[PDB]
Amino acid sequence: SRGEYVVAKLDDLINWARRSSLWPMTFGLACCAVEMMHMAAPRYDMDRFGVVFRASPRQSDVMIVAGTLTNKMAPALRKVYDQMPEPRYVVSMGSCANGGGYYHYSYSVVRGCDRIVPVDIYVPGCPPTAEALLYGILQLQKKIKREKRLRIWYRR
Amino acid sequence: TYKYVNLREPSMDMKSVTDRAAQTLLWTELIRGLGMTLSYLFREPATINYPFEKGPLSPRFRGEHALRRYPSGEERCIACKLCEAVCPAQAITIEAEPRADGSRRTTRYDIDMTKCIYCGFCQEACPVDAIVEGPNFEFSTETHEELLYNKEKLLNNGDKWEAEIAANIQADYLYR
Amino acid sequence: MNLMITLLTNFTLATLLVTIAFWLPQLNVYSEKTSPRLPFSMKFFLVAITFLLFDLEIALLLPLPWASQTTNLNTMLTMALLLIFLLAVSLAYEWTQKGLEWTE
Amino acid sequence: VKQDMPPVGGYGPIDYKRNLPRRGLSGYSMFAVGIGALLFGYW
Amino acid sequence: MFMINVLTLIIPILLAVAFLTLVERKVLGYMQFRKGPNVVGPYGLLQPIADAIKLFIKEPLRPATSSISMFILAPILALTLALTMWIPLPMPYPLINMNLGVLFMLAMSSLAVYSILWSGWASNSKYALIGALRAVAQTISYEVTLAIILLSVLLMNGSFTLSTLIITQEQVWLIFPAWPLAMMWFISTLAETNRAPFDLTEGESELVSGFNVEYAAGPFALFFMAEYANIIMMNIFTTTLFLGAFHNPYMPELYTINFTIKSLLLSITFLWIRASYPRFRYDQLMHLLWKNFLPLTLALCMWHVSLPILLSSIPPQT
Ligand SMILES: CCCCCCCCCCCCCCCCCC(=O)OC[C@H](COP(=O)([O-])OCC[N+](C)(C)C)OC(=O)CCCCCCCCCCCCCCCCC
Ligand SMILES: CCCCCCCCCCCCCCCCCC(=O)OC[C@H](COP(=O)(O)OCCN)OC(=O)CCCCCCCCCCCCCCCCC
Ligand SMILES: CCCCCCCCCCCCCCCCCC(=O)OC[C@H](COP(=O)(O)OCCN)OC(=O)CCCCCCCCCCCCCCCCC
Ligand SMILES: CCCCCCCCCCCCCCCCCC(=O)OC[C@H](COP(=O)(O)OCCN)OC(=O)CCCCCCCCCCCCCCCCC
Ligand SMILES: CCCCCCCCCCC1=C(C)C(=O)C(OC)=C(OC)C1=O
Ligand code: SF4
Ligand code: SF4
Ligand code: SF4
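Chains as they are written, first to last, in our numbering: chain A, 4 to 159; chain B, 461 to 636; chain C, 179 to 282; chain D, 41 to 83; chain E, 26 to 343.
Among these hints, one or two may not hold up.
[Stated by the list, open to error] In the SDA-like style, the derived pairs of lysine to any residue whose C-alpha atoms are separated by at most 25 Å in a straight line are:
{"#": "1", "chain 1": "A", "residue 1": "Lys75", "chain 2": "E", "residue 2": "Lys287"}
{"#": "2", "chain 1": "C", "residue 1": "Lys276", "chain 2": "E", "residue 2": "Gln309"}
{"#": "3", "chain 1": "A", "residue 1": "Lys82", "chain 2": "A", "residue 2": "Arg46"}
{"#": "4", "chain 1": "A", "residue 1": "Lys146", "chain 2": "E", "residue 2": "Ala77"}
{"#": "5", "chain 1": "A", "residue 1": "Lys145", "chain 2": "C", "residue 2": "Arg215"}
{"#": "6", "chain 1": "E", "residue 1": "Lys287", "chain 2": "E", "residue 2": "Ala300"}
{"#": "7", "chain 1": "A", "residue 1": "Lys145", "chain 2": "B", "residue 2": "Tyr510"}
{"#": "8", "chain 1": "E", "residue 1": "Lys287", "chain 2": "B", "residue 2": "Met496"}
I should point out that these hints are in silico values taken from the structure, not numbers from a laboratory.
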């Protein structure tokens, strides 16, 4: 009716605002930091999408886990994730953050960061190219675009 | 066969001393740096319009995996397990049996793309060009298990990308 | 009067922005989060006191654009240069007795 | 045979040294310009 | 009718602060050989709107505060002072025409360090308080040269009246008799607003801006927009103070166009300084104040006291 229309357009407004102003915190743990730094380099340029480079970790929207999560930095990863204001998303970049990677059978590596944090986008590669990470960021934006927070709020 | 960076003693005549004092008091190197930043203000930026423009790639590029076929529809993989013998991540898992016409083919061909290090040793170990690593890099998923490819996903990637994979192998097989 | 109206309007707009920025993000019900003397430096206090004393010397210097209009210009110029000189002498004593060190 | 090779004369000359080309006025001249701007302003 | 004039001051201030974020990200983009935002709006024009709507519906971060009252009053004071710095600015007519507009702006900018101090008190971390005390010591350090440069320039103006400073510069820009004051003024106002290369809170050389530290802090948008109101205001004040434009009393729009173009160029000069240099260490900008700027400022203050007397160029009081 009318209220469904209003909450649908307000979902469209807040989803537009949240996807078009993504502020990433980057766990640049390993080699995938280099390729995120190329995704912020002038060719691909995350900042023209609204995705600012070197955002503050205190007020970031998406945590890009770019590198090998070891067992020694898993609680620091979870602590930085717990200090993020909602809505928080997590892009897992590269094979070691996705599933352990080349160090999957190591004694000291968390087999994918999804054992530690909830992951929204898995970006595959060793490293995935800066274009592939920007593909994953745009897929995250599309995932935010089809959120239905106020429509599900209205239907409950 | 060696040079001395920063072993210059500056001239102490009144001309050079007044030069350095003018540099200090009038900020000449700072205006030089402002001029260099201003010079990049008026250049065309190096920014490509992704996704409507794509970064340049070569035919050697190592992206998403795919299982190929002969020009008859017969799949090239004859279950020889060289690719999982050489796979440095052990991302490849293969089982096999003789299929219903007696042919040496696989029943399992798994590649965990989240173990995979995308180094292309499987495509260079493969004696029949069956496993290759295609040009697709735009295959980010939303769930972890969508990147645990079985044989049907890899054969669909082969059928999906063969028109491009065969041309890249055509461009690069003489270097191999 | 118009100044007081303007100050009240700026204070009201500021308080309205602060009240919105605290209460508007409380609309969306969030997942309630359940997981879990300072060292003294002498130089930090000394730069503040040096500020305060030179700021009092500046408070002496502030009536100069009205003081140039006087008919006793020789006395005025003498005392003006004397206040700026005493500010410079305070700065020189702050310099030479290691007072401007590690916050130089 | 067809291999990736340099051309017959070789490649061209490639610069590799510092070129900070020494622009600007002299130290006498820049103070003279500043003092001239002061005196024009004072007048 | 007067409230219409107050609102048409203060609402375009907030809109200009909104689009200064766009101008910053674009101009810093093209200087860094890339683009700024161009996806969110046509040529990026919806980026401030999207970013403000994002910041206003984002959760209060994690932690709680030591003092609720100062946690509330520090953004209130920051925004209130950032809005009251604009009311005596003669562009060509000030909103509140006062005889002491210069001294008003100097005093209200001296009051601005209490927001930094109370946000340092209101955080629970004893390290964020140390960072706030470093920032307070920086800002009160450069307020000294603000006061003395401002006094030295007003010795050619005759009064503390800001509207008289248009009349003073009718024959020449006041940067011509006072360019060393003008450049130390510009760098000191740069060091006032915690702006690069003097931004030690938002950068390194900082004991608390160090990734996964504590310290409940305020809603970032309010302090941020107070800071950009201060940046545009200090550049307009430098434009009035040293580069004062032609004013036809029958066509005020000529002065408004001219000071607006100069203030935009000077704010872009802030943007172009922050994208050109590395940061000072803390004792290096304490050095730059106390051992470099303040001796020249006292010497030029003696010069600008004694100079209208020796040249017979004492300006009138009225
Ligand atoms: C209003 C519009 C804008 C105005 C102009 C400003 C735009 C240009 C901005 C450029 C970028 C600057 C970014 C920040 C830079 C900060 C660093 C810096 O510059 O430090 C200052 C540096 C600091 O020194 P330093 O660190 O470079 O040098 C070493 C210092 N010691 C030796 C102490 C270790 O220089 C100054 O302090 C100069 C201040 C202004 C000088 C004014 C000169 C007046 C000359 C009068 C005549 C002199 C001749 C002799 C007497 C003759 C008498 C007749
Ligand atoms: C009763 C009826 C009213 C009910 C309540 C609704 C009130 C009005 C709210 C605003 C309008 C609602 C719809 C919002 C946008 C929805 C459509 C959308 O998202 O379209 C997408 C399109 C860009 O496409 P995109 O997906 O980004 O593609 C990438 C580029 N190829 O996006 C675009 O082209 C740009 C979208 C811009 C969104 C509108 C402009 C911003 C909002 C302005 C008003 C609110 C803020 C006011 C100021 C706040 C302080 C600055
Ligand atoms: C002092 C000066 C201050 C200036 C401030 C503003 C600066 C920027 C000015 C605007 C520039 C252009 C903006 C264009 C925005 C995108 C408009 C649009 O068409 O968006 C598409 C979106 C979805 O449309 P859809 O129906 O899906 O279309 C499919 C077509 N087959 O459709 C929608 O989302 C619905 C329509 C949204 C339109 C939004 C327009 C911008 C609103 C900004 C808020 C402020 C407005 C101005 C206020 C001050 C001046 C009066
Ligand atoms: C944490 C608490 C809340 C913090 C946020 C809010 C408070 C901080 C920000 C507001 C600061 C207010 C400053 C107002 C006074 C400034 C000085 C002043 O009045 O100057 C203007 C003018 C002087 O010029 P002149 O032309 O000589 O005089 C008119 C005669 N033709 O003189 C005039 O025009 C005189 C006009 C009449 C007198 C005005 C008196 C104003 C009301 C009393 C003070 C209000 C502020 C108290 C709190 C301050 C901060 C704690
Ligand atoms: C009322 C309008 C609110 C607009 C808010 C825009 C905030 C600035 C966005 C980009 C940005 C810049 C330029 C910036 O300088 C900065 O500090 C380092 C940020 O925080 C990490 C930023 O996110
Ligand atoms: S997924 Fe691979 S290339 Fe990427 S950070 Fe890990 S080890 Fe380095
Ligand atoms: S590219 Fe390397 S890691 Fe990946 S499946 Fe082939 S051999 Fe294994
Ligand atoms: S190396 Fe080639 S033919 Fe052998 S098992 Fe692997 S994909 Fe099949």
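Hint-by-hint comparison with the structure:
1. Between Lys75(A) and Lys287(E), the direct Cα distance comes to roughly 54 Å. Violation of the 25 Å bound is thereby established for this hinted pair.
2. Annotation: proposed proximity of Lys276(C) to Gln309(E) holds, straight-line Cα distance about 16 Å (limit 25 Å).
3. Proposed proximity of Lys82(A) and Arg46(A) is contradicted: the alpha carbons are some 33 Å apart, above 25 Å.
4. A C-alpha spacing of about 21 Å is found between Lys146(A) and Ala77(E), which places the hinted pair at or below 25 Å, so the restraint holds.
5. Restraint check: the Cα-Cα separation between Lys145(A) and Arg215(C) comes to about 49 Å, which exceeds 25 Å; the hinted pair is violated.
6. Restraint check for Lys287(E) and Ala300(E): satisfied, since their Cα atoms lie roughly 20 Å apart, inside the 25 Å limit.
7. For the hint linking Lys145(A) to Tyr510(B), the alpha-carbon distance of about 15 Å falls within 25 Å, and the restraint holds.
8. The suggested pairing of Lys287(E) with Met496(B) holds, with an alpha-carbon distance near 22 Å, which does not exceed 25 Å.
Checked against the numbered hints above, the structure breaks hints 1, 3, 5 and satisfies the rest.
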